[PDB]
Each structure stands twice: as C-alpha cells, then as structure tokens.
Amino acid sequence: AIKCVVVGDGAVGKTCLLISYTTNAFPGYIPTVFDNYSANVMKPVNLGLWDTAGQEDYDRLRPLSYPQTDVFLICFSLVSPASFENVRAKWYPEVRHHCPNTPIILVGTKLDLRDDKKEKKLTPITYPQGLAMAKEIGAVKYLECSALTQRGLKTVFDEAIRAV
C-alpha cells in the first residue's frame, strides 16, 4: 500500500492532474468526480490516490482524509497568487499539525498557462518563487507541470513514491 493525498485551493486543478495522470490523456469535458484510485505502477508499488475536491471550505470534514497518508502533494496554480498564498497560511499548518511525520511534495500546477496573457497587479508563481515557498515550509521536493501538456506530470508521481 501507499496512501497519497492531493490537497490545496479548489480550482487550481486537482481533479484534473489526477485524471490527466491516471487516464494518460487530457479529456476536455473535464469530469468533476475522481474516485479513490488504487493502482499498480513502476519496482512494483501499490499506489493509492485521493482527490480532495469539494472538501476545501469545510474545516472539520476536510482533515478526515489525512489519516495514514504516506505523502502529501500540496498544490497551487502557477497562474495564481490566490492559491500560492494559502499554501503558507492554511494547507501547511493543517498538514503539519494533522500529520507531523508525513512528507510533502509541493506541486506548482499549470506550467502551460504560466506563459500567457497583471491587470490585477500580479505574477505567475515562477520557479524561484515556488522553491522559496517549498523551502520555507520544509518541502521534500518541488515540481511543476500541466494537466494539458502532462509535462512533469509523470515526475510528480515518481517523486511521491520515491519519498515513501
């Protein structure tokens, strides 16, 4: 077994990363629901993935996903700010507290929309911006990717395993 939980601000696209990866293709209509996924990947590991979509606003229901978790992918959108902040103030406080010993990959999502059309006086989480955070909250590894391109997408799930 290996329990891996994908957590962070809604829309960034958790559901999607998970469906990109497991489905091995982008679908978009992009489904809302992603069932708990129990899989074999390659060294043969039994890999479990958990979406946390729809749990984000309900502070007493949401940490019910954290027990016996082997590793946490915390995510922000590389094209938000809104999210990147909440990593420091909400998600890391909560993971650390609920699970003092479980490691954390920090995942920057949407490297593809990273390079695109600042009206709102803001900037995309860049690679230094990211790792400064990763470092600040004691990450095990920092990554980036998109669900569309699937670039680095395969790296994330190899590193989540590596850490376990």
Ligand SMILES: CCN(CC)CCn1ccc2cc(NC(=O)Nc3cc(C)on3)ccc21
Contents of the next structure:
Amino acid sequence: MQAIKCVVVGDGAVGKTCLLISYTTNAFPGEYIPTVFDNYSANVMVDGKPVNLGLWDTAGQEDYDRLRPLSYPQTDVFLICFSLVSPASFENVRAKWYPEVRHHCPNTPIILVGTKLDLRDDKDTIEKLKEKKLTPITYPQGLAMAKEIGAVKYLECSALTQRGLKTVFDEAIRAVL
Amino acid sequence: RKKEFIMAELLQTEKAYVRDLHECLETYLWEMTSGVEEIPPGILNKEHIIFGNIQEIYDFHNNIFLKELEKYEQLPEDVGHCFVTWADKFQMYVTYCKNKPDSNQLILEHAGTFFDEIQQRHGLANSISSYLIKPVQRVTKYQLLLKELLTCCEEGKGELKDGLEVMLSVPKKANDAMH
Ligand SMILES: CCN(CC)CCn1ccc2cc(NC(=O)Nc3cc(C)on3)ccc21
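Given the form solved without the named molecule above, what does the protein look like in the form solved in complex with the named molecule?
Entire complex below, previous chain first.
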C-alpha cells in the first residue's frame, strides 16, 4: 500500500504546526497552540484508493537554511504555505521557499496553500495591515503565484474553521497518484 | 497557565523524543549490529555513517537531560538554566547534522529495502528516515519553546534569555558546519 512523504514548508507566520495539528486531530487546538508536531502517518482513502500519508512539520528550522534541506530528499509532495494575512510570507514563497525546494527536489509536486483564510475578512487584521500600507492576499494573487512556481494547485484554508483543510491534504495525495 | 502548558509540552515532547531515539536504536540499529539478518554489503559496518552519533545523543537525553528537565517542571521561568548548564553536550548535534547528508546518501544508494523490510517486520509507522531527521527537528524546537516561555514570564526572564541564546547558537553552529 502506497506510502506518501509530505513536507510542509513556509514562514513562521503560516502556522504550519497549527495547520497539521488541526488537520490530524480534526480540531483547531484552541486553548494552547503546541509548538511540536512530530512526524505523522495515517491511512486515508482518496478517490477510493487507500493511502498512507506521511506528514513532516518544519517549524523551528526557518532560520537554518542548510538544516532545512535535510528533510527534503525523497519527498513525494510539498505544501508550500503562506499566511493570507501576511504579504511578506507570500513574497517569501517566491523569495525563499520555491527556490530551495526546486533546487533539491526539482521534479516534486507543490501545492501552494494560503493559510489564515478566516483572518482575511477580519476588521482588526485588515486595519493592522492598512496601517502598514498593505492588504490581505486575495485569490488571483495566489493563483498567479502558483502559476509562477509550477504549483499543481493553489488552495486556501483555515486551521480555525476547518475550511478547505481536508481538501489541501486530499489534493496533496492526488498530486502523487 | 500558558507557562504551565509550555513546560508540559517541553516535558512530554522530551519523553517522546527519548522514546523515539530508543526505538530507532533498538530496531534499525540493532538489526545491523545483531547479525540476525542479511546486511547489504554497500552498508556493512557503516552504522557509524548511518546513525552518526545518535547513541551519544540518546544517552545524553536519557541519562541526564530528561531527568534535569523534570526537575524544572514547577520552575518554568528558570528552565533556561538547564540549557545553560548542559550546553556543551548539545555540541553533539553539530556532529550529527554534519553527517546526516552522508547518512541519507548511503541509505539511498546502498541499502535497498533493508530498512523497509525491518520497518514492515517491526510494525513501525516511522521509517528509518523519519527517525533520523528527529535530532535535527528536536534541536530547532527547543528555541521555539523558550521563545514561547518568554512571551509569558516576567522580568524573571534572563534565566530564559541565556537558555535561548544557547539554543539559538547550537542549531546555527550545526547549520554553519554543513558542506
Ligand atoms: C488577531 C490575533 N488572533 C489570534 C490568531 C486573535 C483572535 N483569535 C484567537 C485565535 C484565533 C485563530 C484564528 N485563526 C487561525 O489561527 N487560522 C489559521 C491558522 C492556520 C495555520 O490556518 N488558519 C483567528 C483569530 C483568532
């Protein structure tokens, strides 16, 4: 039965850990956001076919450019994430994440994931960004970025509401089959 | 409350890390050193290259560090000192990371399904590769937990900043040591 290594990369601001915890436990962790998500595997059925999905977190490694690639080899699919309410994390897709992922795993599929979808319509978030002469990242921006990096899908999700979250991972699997 | 949750995570994740290294050592490592099973010649007597100094890292955590962290359970604002105390021992993460690429190449090029067979046999969710990234993960994680403590511990927080300093400096040193 088919094994799938999925590595999740992106800035600290994406909430990689929270994402994975919320997907795996079926619930936003709420009270306390743990900093530790240990390498995970579970069976899921996709398009009928059952599959063994491996998830690796990378949080903590954001400042260690030579340590991060230690997780890259033999990856079946990357989730490259940015927070939809951080223009900087978006720009880093282009500036930092796509380059090193391509440099090490040139023929590995990428899903581009916009996180914190629930904050894109939040007045306080919106206002905190307008004060910095910025706005949240909207859909066509994600699409355009995905095109530019050769991402197979651009997907948006919330660890909070679970909106789009199961789909992110369905599609990570579909991109390998 | 937040300081208590973080400490609890530090402790629970430390326990699991010790469990995970132990598991690695007594499955993937033990099969090779045992001499119970058929060992691909491309890796024979190269367990040094595969597992680097993971034994010594496990021994640190299992003999000392976990016991000392436990002592700081009700002292989250002071746990930074634990890292200061035991800083030199963390230098062995530099050696480990330096070696990890060589470990990975070796396993691709010469190990075939040796370790997969062992994984299947023992019923392990984690592959040998999943176990072997863990030291790299763990050594970048401690700084996260210390930063989290800092967001919620008062001006009694130089007993964290030095701890954090240490745990920022170990992974940077490991980073800067890579080819
Ligand atoms: C203004 C600061 N807020 C704290 C964030 C305060 C209000 N608030 C509290 C928790 C919380 C949580 C979300 N939303 C998420 O974390 N979405 C995620 C994460 C990932 C990954 O993907 N989606 C929104 C608002 C919230």
